[PDB]
Amino acid sequence: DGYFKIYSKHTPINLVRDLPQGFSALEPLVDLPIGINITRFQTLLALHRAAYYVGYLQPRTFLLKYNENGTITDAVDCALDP
Amino acid sequence: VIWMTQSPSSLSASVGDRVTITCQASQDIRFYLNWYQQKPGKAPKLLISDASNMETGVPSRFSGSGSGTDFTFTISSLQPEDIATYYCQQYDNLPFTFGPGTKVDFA
Amino acid sequence: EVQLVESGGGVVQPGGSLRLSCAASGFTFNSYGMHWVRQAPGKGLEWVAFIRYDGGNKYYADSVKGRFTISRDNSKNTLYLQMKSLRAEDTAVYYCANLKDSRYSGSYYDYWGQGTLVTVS
Amino acid sequence: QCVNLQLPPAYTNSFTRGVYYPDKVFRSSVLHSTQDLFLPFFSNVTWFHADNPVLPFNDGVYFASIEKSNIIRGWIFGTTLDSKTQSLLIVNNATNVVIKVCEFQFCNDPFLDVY
Ligand SMILES: *[C@@H]1O[C@H](CO)[C@@H](O)[C@H](O)[C@H]1NC(C)=O
Ligand SMILES: *[C@@H]1O[C@H](CO)[C@@H](O)[C@H](O)[C@H]1NC(C)=O
Ligand SMILES: *[C@@H]1O[C@H](CO)[C@@H](O)[C@H](O)[C@H]1NC(C)=O
Ligand SMILES: *[C@@H]1O[C@H](CO)[C@@H](O)[C@H](O)[C@H]1NC(C)=O
Ligand SMILES: *[C@@H]1O[C@H](CO)[C@@H](O)[C@H](O)[C@H]1NC(C)=O
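Protein chains in written order, with my numbering: chain A, 1 to 82; chain B, 1001 to 1107; chain C, 2001 to 2121; chain D, 3001 to 3115.
Hints may contain errors.
[Unchecked claim] Within a straight-line C-alpha distance of at most 20 Å, the following computed DMTMM-like cross-link-like pairs (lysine to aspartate or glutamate) qualify:
{"hint": "1", "chain 1": "D", "residue 1": "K3024", "chain 2": "A", "residue 2": "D74"}
{"hint": "2", "chain 1": "C", "residue 1": "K2076", "chain 2": "A", "residue 2": "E68"}
{"hint": "3", "chain 1": "A", "residue 1": "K9", "chain 2": "D", "residue 2": "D3036"}
{"hint": "4", "chain 1": "A", "residue 1": "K5", "chain 2": "D", "residue 2": "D3051"}
{"hint": "5", "chain 1": "B", "residue 1": "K1039", "chain 2": "B", "residue 2": "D1028"}
{"hint": "6", "chain 1": "A", "residue 1": "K5", "chain 2": "D", "residue 2": "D3113"}
{"hint": "7", "chain 1": "D", "residue 1": "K3024", "chain 2": "A", "residue 2": "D81"}
{"hint": "8", "chain 1": "B", "residue 1": "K1042", "chain 2": "B", "residue 2": "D1092"}
{"hint": "9", "chain 1": "C", "residue 1": "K2058", "chain 2": "D", "residue 2": "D3023"}
{"hint": "10", "chain 1": "B", "residue 1": "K1039", "chain 2": "C", "residue 2": "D2110"}
{"hint": "11", "chain 1": "B", "residue 1": "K1045", "chain 2": "C", "residue 2": "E2046"}
{"hint": "12", "chain 1": "B", "residue 1": "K1042", "chain 2": "B", "residue 2": "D1070"}
{"hint": "13", "chain 1": "C", "residue 1": "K2058", "chain 2": "B", "residue 2": "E1055"}
{"hint": "14", "chain 1": "D", "residue 1": "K3084", "chain 2": "A", "residue 2": "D81"}
{"hint": "15", "chain 1": "B", "residue 1": "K1039", "chain 2": "B", "residue 2": "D1070"}
No wet-lab data here; the hints were simulated from the structure.
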């Protein structure tokens, strides 16, 4: 709806050429009232005179577990399996 | 449906000649138009996208311009390797549509 | 490195059906929407159908709409086209392709397969 | 001043990764059902080495990086990626994040040059 939304999280990691297992929720970072279409994107790197991962979102129903402190600690991807 | 058309249907030209091919859209498609070149027995190859954006690896002798319903493709100096059929395709609105194709002969 | 390979072509009778497929490798198939295009002998190109990256939204040309179905399997990196009620006019070479597009597919690169011939007789 | 400096994709498993807060309403001690654009569990995620091609945006993107040297500074988002259209540029520097939307004429292979 013209709004560019960004969520984020930052942790340390001690694993090597892969993403970690376990649950972690990303918090809202910014919501920008830009009003433009986006169909393509590219990364910007600093080069002197690291690795990244890209996945795509889909319309899915989730069951989210909010703990006693209001943080999401677990989830079920309802369309994954029976 | 946005229909596409091309002119001329065919042309003859020699090496070193300037070749101009006209593509027209049935309706305003901004700058959203792809230009493809096809040789007999082969799949089409993209030369230009978004009206004027040249594809990487395409010789500088090729160019294109235009907007709305009006687009032109140009070869500034025809080479013997440029004998092919050229198609123009609009990707502004689905379903997508290709033009009839313009055939270039060697004179 | 990037390859698109069509298969399932051949000769069928009018009113019949045929399932075409296109195997993909060398690129992130599951990231791109995919198109089908056909070319009858001595004729120009005709756009057939499009499917989005997630295998959700599907689009067809009026000449095939209601007869043909487009689908994909992102775990097998394969695109499919299921044709029913075939006619003599459907005789053509069928190509699978990732067409450059800044509006719908978001494709930066343009790739085509080798094509497969389908004849209705 | 612009400077002019394809490989087969690698893939990894996103086991239970990419979940975010669907809204800003406080909840606790509850199981809440929501429908939104999420990264499917155990999906095949594309892995790159900082190999910086233009990618499709589709319906939204989950992005992650592992580094100890702050190489990834930002992103370009847009359609034509040229002066013909408005494009979104997000960059980080030593003190701030800078975000702009303009008819940017981007370089064929954009980067930030560090001395
Ligand atoms: C943005 O997307 C809408 C909906 O598809 C379309 O009508 C509009 O023309 C697009 N504008 C630009 C600049 O791409
Ligand atoms: C909730 O927060 C309290 C501190 O305010 C902490 O003692 C408790 O362990 C937390 N519960 C969980 C599940 O983290
Ligand atoms: C991920 O790729 C593997 C093959 O490497 C395949 O077996 C699996 O089904 C794929 N999963 C998804 C969700 O595509
Ligand atoms: C990079 O390539 C573009 C397009 O050919 C050219 O205009 C530009 O001058 C080149 N930059 C350098 C430093 O050569
Ligand atoms: C970071 O960007 C801001 C805004 O343009 C600028 O004021 C600041 O000086 C920049 N920091 C550095 C180190 O360049």
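Check your understanding: For the pair supplied as a hint, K1045/B and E2046/C, is the alpha-carbon distance within the 20 Å limit?
Key -> holds, 15 Å
*Compare the distance between the alpha carbons of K2058/C and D3023/D with 20 Å, and conclude whether the hinted pair is satisfied.*
violated, 30 Å
20 Å limit on alpha-carbon distance, applied to hinted pair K1039/B and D1070/B:
With Cα atoms ~25 Å apart, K1039/B and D1070/B exceed 20 Å; violated.
Quiz prompt | Given hint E1055/B paired with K2058/C - CA-CA distance at most 20 Å | solution = Outside the cut-off at roughly 28 Å; violated.
TODO: Compare the distance between the alpha carbons of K1039/B and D1028/B with 20 Å, and conclude whether the hinted pair is satisfied.
DONE: violated, 29 Å
Query - Satisfaction of hint between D2110/C and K1039/B, Cα-Cα up to 20 Å - result: holds, 17 Å
Please verify whether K2076/C and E68/A have alpha carbons no more than 20 Å apart.
Outside the cut-off at roughly 42 Å; violated.
_For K1042/B and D1092/B, compute the direct alpha-carbon distance and say whether it is at most 20 Å._
violated, 26 Å
Hint check: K3084/D vs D81/A, CA-CA at most 20 Å. Holds or violated? The hint is violated at about 45 Å.
Quiz prompt | Hint consistency between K5/A and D3051/D [alpha-carbon to alpha-carbon, up to 20 Å] | solution = violated, 26 Å
Holds or violated: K3024/D and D74/A, Cα atoms, limit 20 Å.
holds, 18 Å
| query | Taking 20 Å as the top limit, are the C-alpha atoms of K3024/D and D81/A close enough? | reply | violated, 29 Å
Checked against the numbered hints above, the structure violates hints 2, 4, 5, 6, 7, 8, 9, 12, 13, 14 and 15; every other hint is satisfied.
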